[PDB]
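J.: If you want the building blocks of each chain, they are given just below.
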Amino acid sequence: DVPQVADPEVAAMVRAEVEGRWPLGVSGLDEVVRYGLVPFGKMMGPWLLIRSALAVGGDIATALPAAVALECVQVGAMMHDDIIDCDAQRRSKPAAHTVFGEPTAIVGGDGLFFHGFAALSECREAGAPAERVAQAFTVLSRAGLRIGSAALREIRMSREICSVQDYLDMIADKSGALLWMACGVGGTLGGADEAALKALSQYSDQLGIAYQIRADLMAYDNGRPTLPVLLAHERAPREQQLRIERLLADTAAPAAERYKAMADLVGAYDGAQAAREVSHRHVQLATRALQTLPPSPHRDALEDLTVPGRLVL
Amino acid sequence: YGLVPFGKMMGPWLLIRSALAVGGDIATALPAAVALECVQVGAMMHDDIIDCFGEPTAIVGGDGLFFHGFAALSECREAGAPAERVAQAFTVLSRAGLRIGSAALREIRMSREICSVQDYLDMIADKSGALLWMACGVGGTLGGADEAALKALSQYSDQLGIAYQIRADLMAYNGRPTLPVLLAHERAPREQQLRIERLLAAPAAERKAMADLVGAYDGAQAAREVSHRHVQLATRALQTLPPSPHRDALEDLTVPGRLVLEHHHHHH
Ligand SMILES: [Mg+2]
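So the protein sequences, as listed, match chains A and D. Residues 5 to 225, 239 to 330 in PDB author numbering are what the first sequence spells out, letter by letter. Residues 39 to 90, 104 to 224, 239 to 266, 270 to 275, 277 to 337 in PDB author numbering are what the second sequence spells out, letter by letter.
Please note that the accuracy of each hint is not assured.
Covered by chain A, according to a simulated footprint, are these stretches of chain D (three or more residues, beta-carbon under 8 angstroms) [as the list claims (entries may be wrong)]:
hint: 1; segment: 78 to 89
hint: 2; segment: 106 to 118
On the chain D side, residues computed to face chain A include the following (Cβ under 7 angstroms) [as the list claims (entries may be wrong)]:
hint: 3; residue: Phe121
hint: 4; residue: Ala122
hint: 5; residue: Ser125
hint: 6; residue: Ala134
hint: 7; residue: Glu135
hint: 8; residue: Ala138
hint: 9; residue: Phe141
hint: 10; residue: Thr142
hint: 11; residue: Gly148
hint: 12; residue: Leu149
hint: 13; residue: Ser153
hint: 14; residue: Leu156
hint: 15; residue: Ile159
hint: 16; residue: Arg163
hint: 17; residue: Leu302
Hints are computed from structural coordinates only; laboratory data are not their basis. For each residue, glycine too, the CB sits at the ideal point set by N, CA and C.
The following block holds chain A by itself, in its conformation from the complex:
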């Protein structure tokens, strides 16, 4: 009932730390590093890492440099993904390669990666036992391999019908691994036992799937297939399924007429609502996994992240 552990101000404390490390006016490699970091934004990843560490009894001083590490790793990956990405959102800020040139944007992503690795190395001096610091690097690295594999698969799997599970596995690596990178490393430094880490893993995967579905739904309120498209295909009769596959199969058709053809078929078979119910089931599975963790304001914070509109990546 009553909180027996505290609830700190995670969001602003992170921003102060990253700004302290790369303040306004930095030059050299830190200038391109800072460009990827600013505007700071919500930083739900670093927020999730510290909350996961505190949910298992960890230290703020230990989890804080790991939260900085993750931001640098994710921004470095995002800086490199922008180079290979083609369609840009109007809201999305100008890509670093468009601003600094493509060669500089690659070096910048590398500086972001190694600044992350350097920040995670500071956890030893922060108080974490060297056995835990090394396990944090292992959890972080494997998550970094799933997000990179998904980015390549996003490029390859597009414009073709895939199995519903094949989409689910990819979005678990694109979105669930972003959270598992936060929850796994945060829980590890926090001293979570083996059962707690698996729960945070289940929470990360289930919430990552749900977030992606919610993103797939925004066009249904890049011309790539999404879960509402797959669910509509599964429900559509054979004649319509034939159409859905050839629409995806050939990368030589105008974008507008492609989109409207997909949007009409999704609406005809309630693909949007079906995607909502799938997302809803995985949200409840994420909250179920949380119950393994001990009750705390931090565990309440992770469950609040499952509320629609609260999580933003």
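Since the structure of chain A is provided, determine the placement of chain D with the ligand on it from the hints.
T.: Coordinates of chain D with the ligand only, in the frame set by chain A:
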């Protein structure tokens, strides 16, 4: 001669020799060499893009290979490595990649103009010297090296990277600056300094021209002697370590002990 030149001067032999020279165990250096392999290859895949096979893989694969290095390095604890040494390897490895990134930035921003002799040396000390320190620092750290030894591998790593990148400039004989051109700038009066800078600043192929003007003003010769000074500093740094066959193996690598193929392997 001596130990015959083999080509492809890479960390796997620097890392293991560095680990054993300070008393390390072979059971850790082998999976560590695999970890270093990943990070060095990923650095190569990115180096191939900046000096203009597929763009997504060359980047993302280069990115993922960094993760393999750090994951495998931590994995070495199950091989029997002390967790405290592994943690320090993370710090050593991370700061080396920061030097490689900082150097590659200078390469793009220094092109087409004369830099100071000191600035070029610092750049390649972080570009290619850190690449060797990646092997020495990790191997020595996992090997149980003292702080004085780790520093001893540090000047050895840099001074070695300095020399061979100069040797690369010597093999040649964007308008990127090289040491022979730079030392030619020091001796020439303004009349020839003015010439040198315009060539760096028209088609690149014909500007065979650059080769003509470096030969007319003794570009190539000047850089050789600077290389040999760093050769000795690398050998001096090794004397801090205790004598062993591992120490001898590192000491020959200062004289050319691998082919031009090493510079082709730094490339390829
Ligand atoms: Mg190069």
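J.: Indicate, hint by hint, whether the structure satisfies it.
T.: We went through each hint and held it up to the structure:
Taking a C-beta to C-beta cut-off of 8 angstroms, the segment 78 to 89 of chain D contributes 3 residues in contact with chain A, enough for the three needed, and the coverage statement holds. Interface restraint, the segment 106 to 118 of chain D with chain A: holds (9 residues with C-beta to C-beta distance below 8 angstroms; minimum three). Hint status for D:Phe121 relative to chain A: holds, with the closest Cβ pair at about 5 angstroms, below 7 angstroms. This hint holds: D:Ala122 has a C-beta 4 angstroms from the nearest C-beta of chain A, less than the 7 angstroms allowed.
Interface hint at D:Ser125: satisfied, since its Cβ lies 4 angstroms from the closest Cβ of chain A, which is below the 7 angstroms cut-off. The beta carbon of D:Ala134 comes within 4 angstroms of a beta carbon in chain A, closer than 7 angstroms, and the hint placing it at the interface holds. Hint on D:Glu135 holds. Least Cβ distance to chain A is approximately 4 angstroms, under the 7 angstroms limit. Given hint, D:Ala138 at the interface with chain A, holds; its Cβ is 4 angstroms from that chain's nearest Cβ, closer than 7 angstroms.
Taking 7 angstroms as the C-beta cut-off, the interface hint given for D:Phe141 holds, the closest approach to chain A being about 5 angstroms. Checking D:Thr142 against chain A: minimum C-beta separation of about 4 angstroms stays under 7 angstroms; hint holds. Proximity of D:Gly148 to chain A holds as hinted, the smallest CB-CB distance being about 4 angstroms (cut-off 7 angstroms). Of the supplied interface hints, the one on D:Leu149 holds, with its beta-carbon coming within about 5 angstroms of a beta-carbon of chain A, less than 7 angstroms.
For the restraint placing D:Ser153 at the interface with chain A, the shortest Cβ-Cβ distance is roughly 5 angstroms, inside the 7 angstroms limit, so the hint holds. For D:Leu156, the suggested interface contact is upheld, since its CB lies about 5 angstroms from the closest CB of chain A, less than 7 angstroms. Taken as an interface hint, D:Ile159 checks out: its beta carbon lies about 6 angstroms from the nearest beta carbon of chain A, inside 7 angstroms. With 7 angstroms as the threshold, the beta carbon of D:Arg163 stays out of range of chain A, its nearest partner Cβ sitting at about 14 angstroms, so the hint is violated.
The beta carbon of D:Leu302 is not positioned within 7 angstroms of any beta carbon in chain A (closest approach about 26 angstroms), and the interface hint is therefore violated.
Checked against the numbered hints listed earlier, the structure breaks hints 16, 17; every other hint is satisfied.
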